[PDB]
Amino acid sequence: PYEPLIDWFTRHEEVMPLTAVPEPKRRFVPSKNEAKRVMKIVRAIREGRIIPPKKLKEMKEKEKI
Amino acid sequence: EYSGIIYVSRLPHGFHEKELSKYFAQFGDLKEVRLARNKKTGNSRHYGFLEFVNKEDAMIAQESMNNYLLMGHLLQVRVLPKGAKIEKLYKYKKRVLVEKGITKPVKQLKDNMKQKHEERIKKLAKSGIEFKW
Amino acid sequence: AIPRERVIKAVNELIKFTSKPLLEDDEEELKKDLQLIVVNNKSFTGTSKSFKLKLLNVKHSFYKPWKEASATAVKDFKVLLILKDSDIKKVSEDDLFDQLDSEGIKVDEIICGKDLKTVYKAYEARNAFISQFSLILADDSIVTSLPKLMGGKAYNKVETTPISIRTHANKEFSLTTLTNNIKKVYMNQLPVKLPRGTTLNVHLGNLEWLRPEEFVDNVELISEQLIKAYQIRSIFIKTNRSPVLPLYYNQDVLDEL
Amino acid sequence: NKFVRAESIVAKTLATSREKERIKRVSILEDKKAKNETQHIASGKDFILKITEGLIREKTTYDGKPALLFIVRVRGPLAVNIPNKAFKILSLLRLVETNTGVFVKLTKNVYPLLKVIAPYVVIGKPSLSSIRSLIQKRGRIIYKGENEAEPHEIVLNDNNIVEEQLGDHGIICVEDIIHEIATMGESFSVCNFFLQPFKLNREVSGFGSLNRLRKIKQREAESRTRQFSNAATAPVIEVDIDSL
Amino acid sequence: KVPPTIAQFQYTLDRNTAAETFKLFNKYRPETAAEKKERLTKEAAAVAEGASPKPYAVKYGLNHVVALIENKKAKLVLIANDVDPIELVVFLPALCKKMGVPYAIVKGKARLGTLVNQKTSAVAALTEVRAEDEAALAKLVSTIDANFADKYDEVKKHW
Amino acid sequence: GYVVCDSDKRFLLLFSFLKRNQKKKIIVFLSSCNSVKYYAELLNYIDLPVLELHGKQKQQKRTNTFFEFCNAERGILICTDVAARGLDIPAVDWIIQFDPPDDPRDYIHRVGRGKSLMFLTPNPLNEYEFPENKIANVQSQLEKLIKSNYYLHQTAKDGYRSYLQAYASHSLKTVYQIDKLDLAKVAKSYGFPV
Amino acid sequence: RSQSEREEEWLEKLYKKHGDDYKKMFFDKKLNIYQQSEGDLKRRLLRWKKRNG
RNA sequence: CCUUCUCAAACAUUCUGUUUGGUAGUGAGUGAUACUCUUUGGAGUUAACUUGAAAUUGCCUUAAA
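Residue numbers (the entry's author numbering), protein chains in the order written: chain m, 239 to 303; chain o, 88 to 220; chain K, 31 to 51, 66 to 301; chain t, 53 to 105, 127 to 317; chain G, 70 to 119, 125 to 233; chain D, 267 to 379, 388 to 397, 411 to 481; chain v, 175 to 227.
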């Protein structure tokens, strides 16, 4: 009832990867999703709805004293 | 079968007889511990031998330290059969230079230098080279 | 002053010894190329095995043609600069190219003290990093720390052991102090070690560089600086395992023994 | 009684290798500095680094003037066991215990010994309030108990205890002890071994929620406000003791 | 009674090796959602006023991983034994054996989650690595192949 | 005659030659015209200014570059077997075919018109004893260089593939898909056989 | 339809470095990060030249 | 499972110049004639090359629980 699992297929290691899928440009190039987020926060700073990290220190250096 | 004498290789940079005796003491009473070193300078060859008073203790240490990743290189431990004892491994310190120099007079070594220098000019002529003075 | 005639005669005998009757150049080319000028003394630095490279002043650069046609050789000549932890934060490679392409020398890679103890701390990674480079330069401060960070195999050669370069104008770092001292070490100085024993060879390098009349000027000034600073015994010009060429021979230094 | 791991037992030796070689190195250069055989060493003089508070590193040479220091025990570095040359100096200064202070005068004999213990101690010139508040807040006196017991160390509660133990040297009260400690006088060697060491409380002082994070914040602040030079020409790091 | 490809688990990596795995792995933490956000606000502050290299962090989705094994991107793979459906991973140690990719069953599914900012993970793998730790990885691998792959050659057999 | 080298030390040995033989005029022959689109990108990138010839480029370029090689003094080109047929230059000292040839019989006619040698571990004039130590240490430099450009990842992809496709469309008993891909990939610098 | 405030400023950086040498521009790393091909790059340039010079 | 001796003077200011001193290294092996000393023992030097840090025995305690 309890035979050892005779690995009839994993005995021989594979040389090549399974699929020949061409690697995309985005795997080598700096990410465009990151660029999208950055250029969204940029707008938010021009509009003034996100206060920059440099001024956030100055908002607490003057307050909570 | 197997014997109480053990072989350890792939030792860490600075894992000596002090720490081989101290760490493997926790496995039990060890008889006699050594570590092979260079004679030109006193430092480890990264392999040593130690013996237990108990044969069973030797196989338990081997079971627990055969592949032990220890600061950049994994400890390799092997049991020994009947015989093949721990023989000739000496504690070699850093060997210092000894100043044996002058003894012979200056006029002896001067004409010795003259002999070697004139023969030196008479040496190039033996194999296709001609050089003045 | 040494006789220049015997230097001309020596190098001519070296030309004759190199003109004698495989697809790679494993040993044949090195034994052809490598000149070494031997300097003998009664116990150089007799008790202290310091790794200071004596920068012997020479009129003409041998590093320059060593660059120009190491470009043709399989082993390339690349200039390394070990700096301190504030320098790379201050100074890029582009400024070095800006001020050193003017004469025509190229800084290959700039290296921090951090990099030799983290990324190039693996032994094969360390050995394969340094052995690629021939000119090793190190800012004065880091030089004393370098026997540990780059190991002993880096010190067994004369190429791979670093040269102490000053980059500090009154302890403050300046680019200019680097810019002119890199020039002086490169074109006007030949480094050589000092062993605790008696024998010392000076790695002049390839015989093919600087037409033999220039080689006389090299050897002349080397003797002009090694006999003045230290009392010495004997000098020999030698290509790898030749019958030696006795050049200078002194009989007044041995009288003190 | 616990088991000792292999990694720790090699780490201790690997760190004491650096400490034995470091202490011998400083020992050689300081021995060669005193004998006036300054022929071929790194530097034949003494610098002191004064780090204050945005962290300015000063570089000033040590004068021949006798100064007043308050040495504070640290616990550092990590895997190190103290060698013989450390056991000796820290026994003489009676600083075997962690988080423990003592007063000493700094001269041309005191300063070479200071370079040896510099990875174990944090030094600095205190102010009048640092001294005066320290003595009126902490203070031990080893003397006889009721009738039989000797090793009682109690507290600087009284001034009549000060009379009985010192008295004839000119010292009558605790404030007079503060006088001979702040100003270098005759009775300083008398009262310095009278307040043997101080018992400073440790920083943060807990293992838990807030205390682990506060220890993390301070532990990274350590390596910024203190460096281990390890060289034979180690500049002695002086810090603010008024802040500490 | 257990069929051999199940409880090819439970024969996990040992104590000393395990910690050393995390010694490596905790070096390759993915940025936290807080951290990622502040990084970008740091960018926005900067790039609104006036270069970077690709960042190594471990890889953590079961998908992403099963992609990565079989594509050779993977170097080391960590596989937690206790998983809600065991079947969700049972193939995985064999797949790796077949693509020759070094793998170790780690103990504690939550313990993987630690190294990856998540609650659990089932599987995490270190694909690419920093220059200094390159050697550290390849040695760990060997350590794993000794104490896990070679020690348990009979893990494919015995019920 | 020939040099015996493994698929790892194949392009390693070639690169070792081209730097030292910069002064001379030598010829490298490949099977594919998609293999030379890789080599004539690497060597121009690592500053050994070689010339490029293949079927996939235009005729006026194929003419005006090959003409320049004839009128040169120091030059070096990379061209295929089929493209270099009938236009051979006497200004030569090393005819070194890198890949296995199209016809094992017609290559004899290609030589006697220069010194000929082949490269064969899986598969008259004299053989050449080869030093193992003095190969150029530009492999990990190329391994970093491949995975950081994309264009050279694609040209290496269709370098490795086209070479191996031409290797399988051979006729000899020697050249019949024996070479393992764990060695052939490192010639084009890979961690996995594409 | 126009081009972006950064894109334009990034294009200025290319033209003032290479001019009309698209090959060198395509193999650059310091200015051409997202490894855009010649055709993509020159298209942007022809456009940028139309709003400027 | 800690991480490594990260700069000083004497003179000179050409916007930094000269001179002086500062470093004891993983192990194991391959290696083609020369250097001085010693008196037979190698003592100490002198190119270069191999290698996943490889290997079979040269006569203080709040850095805890």
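Derived from the structure by calculation, the hints contain no laboratory data. A portion of the hints provided could be inaccurate.
[What the hints assert, rightly or not] Derived contacts from chain K toward chain D, CB cut-off under 7 Å, selection only:
hint, residue
1, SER49
2, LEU67
3, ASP70
4, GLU112
5, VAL118
[What the hints assert, rightly or not] Here are the simulated DSS-like cross-link-like pairs (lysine-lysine), alpha carbons at most 25 Å apart as the crow flies:
hint, chain 1, residue 1, chain 2, residue 2
6, o, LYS209, K, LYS46
7, D, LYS444, G, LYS149
8, G, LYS171, G, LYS230
9, v, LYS203, G, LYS111
10, G, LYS230, K, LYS134
11, K, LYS98, K, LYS150
12, K, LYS119, K, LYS76
13, K, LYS133, G, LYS128
14, K, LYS96, t, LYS76
15, D, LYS444, v, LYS197
All residues carry an ideal CB built from backbone N, CA and C; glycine is no exception.
Now the hints, each set against the structure:
1. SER49: Because about 20 Å separates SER49 (chain K) from the closest Cβ in chain D, which is outside the 7 Å limit, the hint is violated.
2. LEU67: Because about 5 Å separates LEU67 (chain K) from the closest Cβ in chain D, which is inside the 7 Å limit, the hint holds.
3. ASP70: Hint on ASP70 (chain K): holds, closest Cβ of chain D at ~4 Å, below 7 Å.
4. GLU112: Constraint on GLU112 (chain K) not satisfied, violated at 12 Å.
5. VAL118: 5 Å, holds
6. o:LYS209 x K:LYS46: Distance ~18 Å between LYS209 (chain o) and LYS46 (chain K) Cα, so the pair holds.
7. D:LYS444 x G:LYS149: The hint holds at about 21 Å.
8. G:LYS171 x G:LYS230: Measuring from Cα to Cα gives roughly 11 Å; hence the hint holds.
9. v:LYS203 x G:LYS111: Holds: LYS203 (chain v) and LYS111 (chain G) sit about 23 Å apart, inside 25 Å.
10. G:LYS230 x K:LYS134: 58 Å, violated
11. K:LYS98 x K:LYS150: 23 Å, holds
12. K:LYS119 x K:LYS76: Distance ~16 Å between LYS119 (chain K) and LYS76 (chain K) Cα, so the pair holds.
13. K:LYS133 x G:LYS128: 20 Å, holds
14. K:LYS96 x t:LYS76: 22 Å, holds
15. D:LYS444 x v:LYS197: 21 Å, holds
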